[PDB]
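**Q** The primary structure of each chain is shown beneath.
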Amino acid sequence: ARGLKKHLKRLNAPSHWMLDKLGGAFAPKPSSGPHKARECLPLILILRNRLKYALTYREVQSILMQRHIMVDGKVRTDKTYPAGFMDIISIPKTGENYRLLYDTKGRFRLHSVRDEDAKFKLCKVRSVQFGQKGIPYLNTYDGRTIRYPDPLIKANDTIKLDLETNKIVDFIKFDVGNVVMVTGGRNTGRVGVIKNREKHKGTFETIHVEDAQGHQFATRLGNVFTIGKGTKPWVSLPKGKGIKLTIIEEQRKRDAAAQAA
Amino acid sequence: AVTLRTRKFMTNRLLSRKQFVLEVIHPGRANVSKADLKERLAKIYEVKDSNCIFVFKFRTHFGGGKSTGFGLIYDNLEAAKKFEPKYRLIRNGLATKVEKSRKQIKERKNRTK
Amino acid sequence: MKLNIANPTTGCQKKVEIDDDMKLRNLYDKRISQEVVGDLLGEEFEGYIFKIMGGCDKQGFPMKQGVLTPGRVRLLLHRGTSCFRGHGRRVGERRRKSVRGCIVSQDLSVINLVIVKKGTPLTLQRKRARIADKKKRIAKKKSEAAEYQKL
RNA sequence: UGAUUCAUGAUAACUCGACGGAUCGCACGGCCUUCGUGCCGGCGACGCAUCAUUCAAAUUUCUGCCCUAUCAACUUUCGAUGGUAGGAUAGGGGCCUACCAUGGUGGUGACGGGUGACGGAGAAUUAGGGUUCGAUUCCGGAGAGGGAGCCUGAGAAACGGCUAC
RNA sequence: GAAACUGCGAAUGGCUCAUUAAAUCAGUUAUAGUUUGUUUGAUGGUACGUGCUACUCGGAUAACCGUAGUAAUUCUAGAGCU
Ligand SMILES: [Mg+2]
Ligand SMILES: [Mg+2]
Ligand SMILES: [Mg+2]
Ligand SMILES: [Mg+2]
Ligand SMILES: [Mg+2]
Ligand SMILES: [Mg+2]
Ligand SMILES: [Mg+2]
Ligand SMILES: [Mg+2]
Ligand SMILES: [Mg+2]
Ligand SMILES: [Mg+2]
Numbered sequence: 001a002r003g004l005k006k007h008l009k010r011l012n013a014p015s016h017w018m019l020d021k022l023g024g025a026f027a028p029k030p031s032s033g034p035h036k037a038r039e040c041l042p043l044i045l046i047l048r049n050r051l052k053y054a055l056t057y058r059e060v061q062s063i064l065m066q067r068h069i070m071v072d073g074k075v076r077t078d079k080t081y082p083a084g085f086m087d088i089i090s091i092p093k094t095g096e097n098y099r100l101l102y103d104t105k106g107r108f109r110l111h112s113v114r115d116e117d118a119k120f121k122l123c124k125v126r127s128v129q130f131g132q133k134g135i136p137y138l139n140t141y142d143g144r145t146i147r148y149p150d151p152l153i154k155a156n157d158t159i160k161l162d163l164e165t166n167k168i169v170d171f172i173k174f175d176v177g178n179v180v181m182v183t184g185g186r187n188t189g190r191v192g193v194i195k196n197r198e199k200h201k202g203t204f205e206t207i208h209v210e211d212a213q214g215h216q217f218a219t220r221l222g223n224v225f226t227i228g229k230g231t232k233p234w235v236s237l238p239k240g241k242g243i244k245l246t247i248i249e250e251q252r253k254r255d256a257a258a259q260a261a
Numbered sequence: 001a002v003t004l005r006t007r008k009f010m011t012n013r014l015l016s017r018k019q020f021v022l023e024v025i026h027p028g029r030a031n032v033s034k035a036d037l038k039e040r041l042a043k044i045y046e047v048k049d050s051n052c053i054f055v056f057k058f059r060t061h062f063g064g065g066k067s068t069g070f071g072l073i074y075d076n077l078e079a080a081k082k083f084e085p086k087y088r089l090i091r092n093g094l095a096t097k098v099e100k101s102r103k104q105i106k107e108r109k110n111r112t113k
Numbered sequence: 001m002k003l004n005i006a007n008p009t010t011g012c013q014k015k016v017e018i019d020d021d022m023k024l025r026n027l028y029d030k031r032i033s034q035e036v037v038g039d040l041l042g043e044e045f046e047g048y049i050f051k052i053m054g055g056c057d058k059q060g061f062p063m064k065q066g067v068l069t070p071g072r073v074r075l076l077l078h079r080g081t082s083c084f085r086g087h088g089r090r091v092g093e094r095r096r097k098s099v100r101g102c103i104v105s106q107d108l109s110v111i112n113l114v115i116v117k118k119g120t121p122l123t124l125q126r127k128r129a130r131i132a133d134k135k136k137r138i139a140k141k142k143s144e145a146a147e148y149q150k151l
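Chains as they are written, first to last, in my numbering: chain A, 1 to 261; chain B, 1 to 113; chain C, 1 to 151.
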């Protein structure tokens with residue numbers, strides 16, 4: 001190709017969008033933004049698909065041009081805007097607030113939060129280093145660059161960021177013994193506790209994690225995102241508290257729930 | 001005797017209306033016309049104006065005596081004019097239509113000045 | 001063979017005809033923008049000094065300055081200049097066009113010549129807004145560099 | 001950082017510096033110093049430069065491809081393999097130039113030839129193992145009658161752009 | 001508000017499978033070997049003043065108006081404005 005591609009064909013769209021294969025030839029093609037477009041959830045799907053607030057393409061545009069939807073504290077009128085993990089979507093007109101979090105099956109879910117727990121987010125640091133005139137600054141994994149961080153915050157750690165003041169308010173030091181929610185691979189959605197980290201010089205670091213219900217698993221460093229200090233997490237969990245289960249467990253769940261109805 | 005029975009029904013303040021699935025039952029009838037559906041719906045939802053009501057995508061289930069479709073109740077005439085497509089308003093009688101002819105629709109206008 | 005006459009100093013223009021040999025000896029073998037004495041064009045032109053610049057020929061090809069040959073050259077010339085004014089033509093586009101040379105000769109049809117000689121509050125608010133932001137940028141600096149300085 | 005003369009800072013100079021807002025919308029609304037659109041001051045639009053991010057590309061490592069030996073040597077002066085210094089490029093690199101060395105591939109099939117050969121995801125038949133197919137809607141590549149050269153632009157060697165044959 | 005200048009886009013999409021057999025391509029790497037309009041976050045002094053808190057405002061072109069050429073074309077020349 002002689003340049004950038006602007007269409008996303010529906011069969012090539014991410015599998016966790018759950019777009020149906022006969023519903024057209026194209027998919028929304030998330031615009032560039034603070035998330036990598038293969039791990040984001042555009043606003044078209046948040047409004048039209050999940051929340052069923054709109055029935056068509058153009059209805060979503062009619063919603064956005066009216067400045068209702070607010071993403072992480074600012075009003076975003078772009079229709080394919082790449083909202084992502086741990087963002088907040090707010091509709092003040094309905095006074096309703098959602099944190100984007102994973103479910104155990106690896107798909108984004110809009111977990112309702114309160115207005116208290118919507119003025120802040122958590123963000124993992126990509127790196128820390130100096131800038132022009134010796135000023136230190138840190139990178140997040142969603143584009144944000146903060147200058148003059150606490151000189152302790154190192155790479156791969158977590159920070160709490162108030163949306164009002166837009167500065168840090170606390171942080172978690174990435175290390176063994178903290179709760180972490182996996183954001184990639186087959187284990188995405190599963191929360192757990194860091195039990196082991198094994199280094200490998202020249203390759204990816206691997207993390208070994210143990211769920212609260214005992215199930216043990218592992219991932220690589222880039223796919224782990226600490227939530228809280230100690231066993232208690234700092235943010236709300238969705239319908240399942242990040243606990244993966246076998247297919248037989250949910251078969252039992254359906255049939256056992258089929259006797260009360 | 002026809003009945004009306006709406007489901008999956010939710011009021012949104014973003015587009016200032018309420019959406020629902022109509023599941024009219026008409027034992028003995030062929031099907032319910034959308035105008036009569038409009039009228040009947042007005043007197044369960046008391047709309048003061050039977051022009052903000054829209055119905056579409058009706059199926060008439062195999063075997064008869066049952067029809068489903070989608071229903072929109074607005075709260076203004078203004079909201080229905082901004083939040084509804086033109087052809088739907090034309091169907092409800094709030095607008096008028098035009099046509100096209102594609103040669104010289106732009107082609108020879110390109111080339112004079 | 002024909003000549004469009006105009007004067008900007010008043011704003012007039014009209015075209016006239018000549019087919020006399022000796023009437024056009026000092027018309028030929030001379031270039032665009034070259035001053036020509038009106039004495040040869042006739043007795044009706046003394047005091048007038050004519051400035052010849054432009055005027056196409058048969059087939060409607062103009063002249064270009066700098067092609068010193070009464071020929072029909074083929075130049076690859078950029079869009080927007082004289083003799084090529086292509087519209088709907090993709091900035092960066094060039095054409096090889098046919099044009100006649102600068103030196104007036106017999107092969108030309110019509111000459112164009114002229115007559116050298118006849119015989120607020122808003123802006124101020126915007127400016128002070130920009131200034132009031134330039135100041136608070138360094139206000140923010142001295143605030144934010146120092147909160148980190150004492151640590 | 002697995003790893004850097006790293007990030008980054010100081011210093012001495014340099015450049016005929018791409019740059020560092022002469023722009024546009026509604027809203028009004030505190031208060032006099034000439035009480036003078038008066039001192040202000042907001043919410044936005046567009047635009048300049050740097051870093052990071054995102055959208056990507058370009059090069060790139062390892063392993064893997066059908067038939068043919070009635071195709072056993074092939075490449076190398078003229079770049080073939082490597083070295084040094086350059087030039088060019090967005091950048092690595094014989095990419096190209098100068099000089100120097102004599103290498104490099106090959107019965108584990110090089111080089112050549114055929115392909116009615118774009119590659120893959122896949123398709124048909126399938127006890128198992130297999131055999132054959134894959135122009136075609138998804139991914140990657142390539143082309144726009146055949147070659148070649150370009151301008152514009154962040155991005156094209158573009159063809160519903162240009163120039164030449 | 002038409003037209004017109006300015007900006008942007010037209011390098012995506014669509015079609016085809018000719019050339020191409022370590023080539024493309026697939027899984028897997030690398031950039032400490034680079035470019036990246038745009039999105040998003042952060043950021044921005046000194047232009048000369050002998051650095052002692054800023055120092056003035058250009059001409060010219062379309063749309064228009066008008067005289068033409070050529071058999072001809074979003075082929076084209078000259079003049080008056082802004
Ligand atoms: Mg294409
Ligand atoms: Mg898009
Ligand atoms: Mg060398
Ligand atoms: Mg070199
Ligand atoms: Mg072929
Ligand atoms: Mg074929
Ligand atoms: Mg294709
Ligand atoms: Mg091409
Ligand atoms: Mg053909
Ligand atoms: Mg071409």
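Misleading hints may appear alongside valid ones.
[Stated by the list, open to error] What follows is a list of derived Cβ distance ranges for each label pair:
(1) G65/B - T56/A: 23 to 33 Å
(2) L94/B - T94/A: 51 to 61 Å
(3) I90/B - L11/A: 33 to 43 Å
(4) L75/C - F130/A: 28 to 38 Å
(5) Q259/A - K48/B: 29 to 39 Å
(6) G65/B - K9/A: 22 to 32 Å
(7) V75/A - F56/B: 26 to 36 Å
(8) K160/A - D133/C: 26 to 36 Å
(9) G86/C - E99/B: 33 to 43 Å
(10) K160/A - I90/B: 16 to 26 Å
(11) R10/A - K103/B: 31 to 41 Å
(12) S101/B - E17/C: 43 to 53 Å
Hints in this document: simulated from the structure, not taken from any laboratory.
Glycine included, each C-beta is placed from N, C-alpha and C at the ideal position.
**Q** List, from low to high, the hint numbers that the structure doesn't satisfy.
**A** 2, 4, 5, 6 and 10
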